[PDB]
Amino acid sequence: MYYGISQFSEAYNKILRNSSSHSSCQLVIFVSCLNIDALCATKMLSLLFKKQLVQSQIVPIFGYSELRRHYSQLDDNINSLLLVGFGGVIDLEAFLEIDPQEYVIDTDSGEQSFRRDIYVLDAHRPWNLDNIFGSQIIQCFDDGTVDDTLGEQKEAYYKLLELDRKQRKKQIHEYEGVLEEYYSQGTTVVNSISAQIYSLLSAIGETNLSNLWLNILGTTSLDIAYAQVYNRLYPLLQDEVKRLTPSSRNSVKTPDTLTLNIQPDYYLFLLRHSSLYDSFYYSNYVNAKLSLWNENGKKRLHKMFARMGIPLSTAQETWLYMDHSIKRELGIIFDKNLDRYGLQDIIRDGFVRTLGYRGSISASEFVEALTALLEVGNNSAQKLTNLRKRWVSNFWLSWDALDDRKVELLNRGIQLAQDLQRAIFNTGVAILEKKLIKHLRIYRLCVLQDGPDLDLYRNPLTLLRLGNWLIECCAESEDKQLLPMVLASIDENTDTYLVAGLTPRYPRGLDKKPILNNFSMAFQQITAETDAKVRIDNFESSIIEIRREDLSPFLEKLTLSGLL
Amino acid sequence: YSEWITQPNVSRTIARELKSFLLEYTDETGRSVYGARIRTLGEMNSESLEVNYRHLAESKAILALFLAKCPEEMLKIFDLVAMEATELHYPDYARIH
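Chains as they are written, first to last, in PDB author numbering: chain E, 1 to 108, 111 to 166, 223 to 436, 461 to 593, 598 to 650; chain 2, 194 to 290.
Everything labelled a hint here was simulated from the structure, so no lab data went into it. Treat each hint with caution, since some may be false.
[To be verified] So the derived list for chain E, only partly shown, Cβ under 7 Å to chain 2, looks like this: (1) 357; (2) 360; (3) 361; (4) 364; (5) 365; (6) 367; (7) 369; (8) 370.
[What the hints assert, rightly or not] Here are the simulated distance ranges between beta carbons: (9) 273 (chain 2) - 393 (chain E): 28 to 34 Å; (10) 562 (chain E) - 264 (chain 2): 53 to 59 Å; (11) 237 (chain 2) - 299 (chain E): 40 to 46 Å.
C-beta atoms are modelled at their ideal positions from N, C-alpha and C, and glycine is treated no differently.
Make a model of the complete structure from these sequences and hints.
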């Protein structure tokens with residue numbers, strides 16, 4: 001459909017034809033900040049437009065309210081827009097207040115052209131049909147979803163668009235019935251935005267190891283929450299590492315050799331940058347298998363190190379200084395022992411980059427560093467705006483850390499990630515010890531009223547770290563039914579709760599068709615029904631804000647909702 | 194006793210008896226108390242195993258007698274038996290102590 005995978009070169013050549021001149025800046029990229037995949041996509045896409053000498057402006061955007069503000073004030077000379085990581089699921093023609101008649105030029111002939119193009123690079127679904135069919139200005143990129151999945155919706159969309223009494227009743231309610239089933243699907247991410255732009259670089263003939271690393275980083279960020287998607291794309295990344303890696307083997311290490319191997323990348327927290335003990339203690343997956351919040355879980359961890367034959371005094375050494383024999387024997391120690399605890403799934407092959415003599419970083423460890431930069435790198463309308471300014475300001479810390487010249491900023495990130503995961507854990511234990519997860523039949527509720535350094539959880543990403551930790555913890559327990567989870571946290575200064583709706587997921591080794603985030607409808611439909619004050623402006627529309635006293639009325643109508 | 198405890202067939206018999214004390218003795222409640230001590234030994238990475246003399250006087254009491262009469266030879270065996278009793282539980286604990 002709009003631009004299928006076969007025809008990304010035509011959309012790119014259309015950008016060059018429309019927006020390349022030495023006279024002016026003509027291209028704007030709007031990127032959702034608070035999304036690593038949109039960050040790695042936009043980094044690749046800027047290195048491309050650098051090499052083509054296309055004068056461009058990148059604007060990081062927090063949410064839909066800022067998208068309208070920034071679009072409203074675009075200089076009329078700007079004739080191409082990229083919307084990277086958002087806007088596929090909203091009607092952009094309605095939302096931005098477009099009327100195509102104010103944008104059309106050279107209408108002659112079975113023909114149109116327009117003074118602006120709006121290219122949507124988005125991996126979320128269900129796609130809004132008035133973008134994918136119902137507009138000539140908005141120009142979505144596709145992984146293949148539309149031709150493979152939307153053929154009944156295409157037909158239903160047009161027969162209903164054409165039809166502006224038995225023969226009518228018999229058909230208008232068939233086609234509205236197809237759209238009414240197409241909406242009333244929950245949200246999901248089905249691709250990485252970076253693997254889409256790498257398949258565009260593959261069409262132009264621009265692939266190299268720097269663009270491949272950004273493709274691996276952008277795609278790795280999915281693994282925590284969309285494991286089913288990482289596993290589709292992972293086979294395709296292995297082939298590209300082989301294709302681009304040079305001939306030499308048994309090579310001497312030199313300050314200039316970049317090597318991007320595929321090798322064991324254990325599912326542990328910041329292994330190469332922390333101790334072997336903290337690697338297990340702060341891992342989501344390990345915590346979920348050993349029940350590691352309570353002190354019998356901590357006994358199971360020591361009892362494992364003792365049985366592996368690693369002293370606690372060695373396991374706690376920083377991984378560089380930990381001894382040369384353990385670090386090469388470790389593959390054999392894990393292949394012997396992890397099976398006893400069911401930790402067998404920790405063995406994984408991943409992508410490991412090392413540059414010169416500065417020591418290896420895995421794609422997993424690098425996205426933990428880049429997210430920690432977005433999260434903590436630095461009158462309610464001012465109290466929101468001077469906070470959303472901070473989250474736009476952090477985007478450029480994560481951006482600059484993608485550069486190899488700036489390893490000191492990556493090393494800030496790798497320290498911040500270890501400060502965060504410790505705070506997530508010290509909060510996640512409080513929730514499980516104090517029994518704060520209430521079972522409400524339709525969903526599970528959790529609400530942080532008070533606690534130490536609670537002022538972290540007002541960033542949408544840090545709330546999702548704690549969400550993904552509580553989800554892994556539940557998803558491995560064999561007695562619990564899988565249920566949607568609502569996680570709420572107060573800001574004592576704004577006097578709102580940040581509320582996040584979370585999908586459950588299957589245990590990390592079991593191998598089904600996906601499950602979808604329908605809080606994105608349930609929150610809108612309850613909001614439209616109530617007189618309560620909320621914000622529904624975030625790009626991940628599973629996340630909302632609500633004033634303190636309105637929350638209990640809101641949850642009281644959420645449990646009644648048939649939409650979950 | 195010094196000359197008895199050191200004879201090789203006697204030493205082997207003493208070792209097996211002390212091993213069987215740690216493996217087979219259970220509490221008044223029925224829990225394996227020296228299993229609970231060995232769990233705590235290897236988890237703490239502790240090098241020292243507490244044993245209660247009453248538990249020898251209540252079972253295999255000749256070992257309690259030899260231990261009082263010539264500990265410098267008896268503990269020299271019961272340290273090896275305790276190493277093997279913990280190594281049954283934590284293979285390669287030899288790399289730790």
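To see whether the hints hold, each was checked on the structure:
no.: 1; hint: 357; result: holds, 6 Å
no.: 2; hint: 360; result: holds, 4 Å
no.: 3; hint: 361; result: holds, 5 Å
no.: 4; hint: 364; result: holds, 4 Å
no.: 5; hint: 365; result: holds, 5 Å
no.: 6; hint: 367; result: holds, 3 Å
no.: 7; hint: 369; result: holds, 5 Å
no.: 8; hint: 370; result: holds, 5 Å
no.: 9; hint: 273 (chain 2) - 393 (chain E): 28 to 34 Å; result: holds, 31 Å
no.: 10; hint: 562 (chain E) - 264 (chain 2): 53 to 59 Å; result: holds, 55 Å
no.: 11; hint: 237 (chain 2) - 299 (chain E): 40 to 46 Å; result: holds, 44 Å
Violated hints: none; the structure is consistent with every hint.
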